[PDB]
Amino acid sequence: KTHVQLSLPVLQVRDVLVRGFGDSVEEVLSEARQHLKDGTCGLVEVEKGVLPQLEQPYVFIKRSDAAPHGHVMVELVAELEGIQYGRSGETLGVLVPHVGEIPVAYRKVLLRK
């Protein structure tokens, strides 16, 4: 399927134990996609002071359309030193590995895979 229904655990930035996916734009996108498939991917909602507490490169989920069955359609955009790889709509948050942190909520998304 080109799209997959996922419920992403929303993590508080200060709870996150693994603060990025890797060391290159291509690796963080690869690792993000693998974790999304394996259900080991969390979401941190971007506010003032969040991003400087996470490791670059960043992987964002961005709204790709205006929401089947409650699931917002999203795609992945990476960012390194202020340059983004991909072009999409509004940021829903920054993806991180999930390694057992307790979530505050769940964000239903339809991921373009």
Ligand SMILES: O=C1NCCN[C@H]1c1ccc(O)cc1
Given for the second form:
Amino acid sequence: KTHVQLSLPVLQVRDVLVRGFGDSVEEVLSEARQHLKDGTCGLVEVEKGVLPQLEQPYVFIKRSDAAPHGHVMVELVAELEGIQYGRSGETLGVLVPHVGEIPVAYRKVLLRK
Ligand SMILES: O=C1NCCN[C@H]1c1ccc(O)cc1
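Starting from the form deposited without the ligand above, please write out the structure of the form solved in complex with the ligand.
Next comes the full complex, and the chain you just saw is listed first.
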């Protein structure tokens, strides 16, 4: 399928044990997609002070359209040293590996893949 319905655990930035997916734009998009498939991907909501606490390159989920079955349609956009790879809508948050941190909420998304 071109899209998959996912329910992403929303993590507090200070709970995150692995603060990024790797070392290059291509690796972090690859790893983020693999973790989304395997159900081991969390979401951190972006506010003041969050991004400097996470590791670049960043993988964002961004709104791709204006929301089937309660799932907002999203796509992946990576960022490194102020350059974004991808063009999309409003940021829903930054993806990180999930290694068993307790979430504060779940975010339902329809991931374009
Ligand atoms: O996340 C998923 N859940 C169910 C099966 N498919 C996936 C998936 C496949 C490929 C991707 O690139 C990203 C996600």
